[PDB]
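Peer 1: Okay, here's what each chain looks like letter by letter:
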Amino acid sequence: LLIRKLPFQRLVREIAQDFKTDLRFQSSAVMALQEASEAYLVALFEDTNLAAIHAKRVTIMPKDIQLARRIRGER
Amino acid sequence: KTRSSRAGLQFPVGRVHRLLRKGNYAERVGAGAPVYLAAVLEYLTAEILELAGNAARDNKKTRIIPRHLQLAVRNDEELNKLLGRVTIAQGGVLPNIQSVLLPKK
Amino acid sequence: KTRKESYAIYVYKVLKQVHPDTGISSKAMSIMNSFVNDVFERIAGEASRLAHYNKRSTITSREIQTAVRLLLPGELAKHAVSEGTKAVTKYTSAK
Amino acid sequence: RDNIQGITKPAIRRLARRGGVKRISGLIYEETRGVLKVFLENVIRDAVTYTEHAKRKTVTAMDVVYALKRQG
Amino acid sequence: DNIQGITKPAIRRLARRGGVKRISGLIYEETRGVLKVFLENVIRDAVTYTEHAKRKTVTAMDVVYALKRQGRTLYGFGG
Amino acid sequence: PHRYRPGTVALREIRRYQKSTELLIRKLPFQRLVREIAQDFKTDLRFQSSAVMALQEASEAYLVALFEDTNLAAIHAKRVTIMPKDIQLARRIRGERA
DNA sequence: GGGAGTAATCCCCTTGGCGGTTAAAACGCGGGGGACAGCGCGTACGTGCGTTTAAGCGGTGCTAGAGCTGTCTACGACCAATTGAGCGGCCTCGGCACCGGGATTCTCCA
DNA sequence: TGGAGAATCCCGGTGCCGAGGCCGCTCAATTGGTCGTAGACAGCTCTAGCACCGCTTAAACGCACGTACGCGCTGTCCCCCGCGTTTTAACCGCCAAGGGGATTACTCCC
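Protein chains in written order, with full-length UniProt numbering: chain A, 61 to 135; chain B, 16 to 120; chain C, 32 to 126; chain D, 24 to 95; chain E, 25 to 103; chain F, 39 to 136.
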């Protein structure tokens with residue numbers, strides 16, 4: 061694991077507070093959430109790496125991230 | 016008498032019940048489910064026909080062509096999100112020229 | 032000739048109920064029919080899987096409401112939920 | 024409140040380093056927190072919907088599993 | 025081979041609908057290849073559903089289900 | 039002899055082909071292409087005309103979406119010309135090529 | 001007693017072809033604006049060091065709420081009767097594409 | 001910078017063919033009743049989740065600093081566009097062979 065467990069479960073509790081009050085969570089639920097988020101960001105950073113190497117650079121810019129999410133199909 | 020008038024809709028409810036029964040989605044099917052589903056389909060039809068009529072009035076037409084449906088679905092954000100992975104035959108593409116390609120003289 | 036079921040007269044009723052002075056072509060008829068059949072299949076399949084996931088054998092109004100909540104984005108989902116609840120309530124309260 | 028800063032600079036650095044990124048700017052962080060927030064907003068609402076329709080007050084792991092299968 | 029029928033100005037007009045100002049000459053062969061791959065997958069799925077459903081003639085609704093298998097759904101051809 | 043500057047006719051053609059809606063690839067070469075591809079899988083198969091029209095529509099949609107993605111990738115590389123590396127990048131980001 | 005094998009059929013649609021012709025791709029060239037290569041700088045980024053903070057581990061207490069059994073009752077499968085909404089055949093007259101003359105509007109270059 | 005000039009918009013006449021009512025059936029939707037059980041509800045148990053606390057130690061914050069490359073500028077050269085000209089294949093209109101999947105009848109077996 062890369063992201064620490066307690067900040068990520070604090071974040072998922074804070075974002076689930078906005079949709080239903082007094083919501084309780086299982087521990088394997090937040091572990092699966094952490095694993096899915098890390099897999100998403102690793103795949104994203106690989107795509108932005110190809111975007112950065114395309115434009116003759118080794119430093120990644122945010123415009124690489126908007127290029128990756130635009131070409132990938134998201135908004 | 017008929018249950019579409021009883022619910023207060025225009026879409027059929029018995030046809031929706033028969034199509035839910037045929038498709039084997041579950042072993043049992045309730046009574047309020049085709050009423051709710053016909054209401055949902057009628058309301059989605061209400062936005063798309065509203066926005067298509069707005070497009071046709073913009074383009075000075077009285078009959079809706081599929082180009083006006085394409086323009087209506089690709090302009091509203093929620094309808095473009097719901098119908099993102101579809102395509103409309105004889106539709107065309109929204110006008111979008113990127114700014115850096117303009118003749119900046 | 033065989034009988035083919037379409038939704039053309041009902042969407043023509045909806046179109047004349049909203050914009051009273053507007054026509055429609057047969058091609059646009061075909062795309063609009065395809066839209067309503069596809070959203071029928073999508074909401075129906077989502078409701079079917081929610082029926083299966085809770086060890087339940089019946090499709091009710093709750094399953095269709097949850098399917099509209101999952102499958103439709105934005106305020107369009109909330110307004111469709113309101114329309115469905117109003118139609119179901121006046122159907123049940125009818126004599 | 025303001026707990027999006029828990030996704031810190033070296034954690035983002037390791038997430039890029041597993042992906043093979045060599046050099047990272049300073050404006051990368053303020054965009055990747057936004058992308059992670061958007062992804063979590065799109066998952067947790069489906070998890071909440073599944074938990075509410077089953078008439079439960081606890082989000083189980085299985086609800087998360089079907090929530091992720093929603094997006095594919 | 026009939027892949028040469030997809031001519032140079034046809035890909036030029038496909039570029040112009042997508043909003044392309046300047047086109048290199050090496051685009052065209054790659055475009056022919058990627059359209060070959062896409063059509064090969066689609067007709068494979070269509071003949072699969074037709075051979076399972078047992079007719080000699082492939083109908084449009086079968087390739088609509090083939091496109092719906094790929095998540096590239098089409099409206100307006102009986103779908 | 040009057041001559042327009044290089045670049046204006048591209049703007050005119052982009053506007054004219056984004057405003058219109060009629061199909062671009064001619065019918066009979068695409069018919070020959072789909073028959074030749076179907077020759078490889080099974081033999082003596084026959085097509086409806088609506089099937090061929092649907093394949094034309096799907097090919098148009100896929101290639102215009104691919105060219106829009108290629109154009110955005112080309113602008114990101116600080117150029118105007120599209121190049122085959124832009125197409126390869128656009129297909130690698132989607133995941134169509136492993 | 002009813003589903004199904006076999007066959008004749010009236011077609012309905014598919015594929016192939018043949019000549020006109022005419023838009024449309026193919027080609028060639030002039031030439032010019034962008035792709036590409038190289039240099040300068042200065043600015044931002046990796047690395048390292050010292051410190052400060054909080055994550056994780058253990059330990060426990062309370063109690064909400066998932067999970068399951070018992071029972072029944074209102075609700076949905078299911079069947080006979082019937083009947084009007086919704087399908088298809090068909091007639092038309094208007095909506096909209098097309099063509100042309102002219103006004104309008106960008107654009108080039110001297 | 002203003003005239004040339006070509007591309008675009010715009011309104012009047014043309015016509016054509018297709019959307020939309022109208023008529024007439026017919027068959028699945030509606031009424032009514034019957035029965036069997038799915039889930040609504042009650043209630044019991046006791047797993048798992050939330051929280052309070054402390055302690056140790058790895059991880060991050062912060063700052064200095066050297067320098068690697070991002071980007072702006074300039075030269076070059078080349079290949080791609082605009083347009084004139086030449087050949088060619090899509091299309092069109094119709095015809096003809098002819099195969100093909102649904103439509104009746106004739107007849108058979110568990």
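It is worth saying that the hints were derived from the structure and are not from the lab. Among the clues, some could well be false.
In silico BS3-like links for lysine-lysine, alpha-carbon gap of 30 Å or less [to be verified]:
#1 B:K37 / C:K44
#2 C:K35 / C:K58
#3 E:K78 / B:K37
#4 D:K92 / D:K80
#5 F:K57 / B:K76
#6 D:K78 / C:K117
#7 F:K116 / E:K92
#8 C:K86 / D:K45
#9 C:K126 / C:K109
#10 C:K86 / B:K75
#11 D:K78 / A:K80
#12 F:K123 / D:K45
#13 D:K78 / A:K65
#14 C:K86 / B:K16
#15 F:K123 / B:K119
#16 B:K37 / D:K92
Peer 1: For each hint, tell me whether it holds in the structure or not.
Peer 2: Structure-based check of each hint:
1. Pair hint B:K37 plus C:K44 holds up; C-alpha atoms about 26 Å apart against a cutoff of 30 Å.
2. Distance hint between C:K35 and C:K58 is fulfilled; the C-alpha atoms sit about 17 Å from each other, no more than 30 Å.
3. With a C-alpha separation of about 22 Å, the suggested pair E:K78 and B:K37 falls inside the 30 Å cut-off, and the hint holds.
4. About 21 Å separates the Cα atoms of D:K92 and D:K80, which keeps this hinted pair within 30 Å; it holds.
5. The hinted pair formed by F:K57 and B:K76 meets the criterion: a straight-line CA distance of about 16 Å does not exceed 30 Å.
6. About 23 Å separates the Cα atoms of D:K78 and C:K117, which keeps this hinted pair within 30 Å; it holds.
7. Only pairs whose Cα atoms come within 30 Å are accepted, and F:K116 paired with E:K92 is rejected, the gap being roughly 37 Å.
8. At roughly 50 Å between alpha-carbon atoms, C:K86 and D:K45 are farther apart than 30 Å, so this suggested pair is violated.
9. Distance check on the hinted pair: C:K126 and C:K109 sit about 28 Å apart at the alpha-carbon level, within 30 Å; holds.
10. Between C:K86 and B:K75 the alpha-carbon distance is near 54 Å, which puts this suggested pair outside the 30 Å criterion.
11. Straight-line distance between C-alpha atoms of D:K78 and A:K80 comes to about 13 Å, which keeps the hinted pair within the 30 Å bound.
12. Annotation: proposed proximity of F:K123 to D:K45 holds, straight-line Cα distance about 22 Å (limit 30 Å).
13. A hinted pair counts as satisfied when its Cα atoms are at most 30 Å apart, and D:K78 with A:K65 qualifies at roughly 28 Å.
14. Distance check on the hinted pair: C:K86 and B:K16 sit about 36 Å apart at the alpha-carbon level, beyond 30 Å; violated.
15. Taking the CA atoms of F:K123 and B:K119, the gap is near 27 Å; set against the 30 Å cutoff, the hint holds.
16. For the hint pairing B:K37 with D:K92, the CA-to-CA distance comes to about 26 Å; that is within 30 Å, so the pair holds.
The structure is inconsistent with the numbered hints 7, 8, 10, 14, although it conforms to all the rest.
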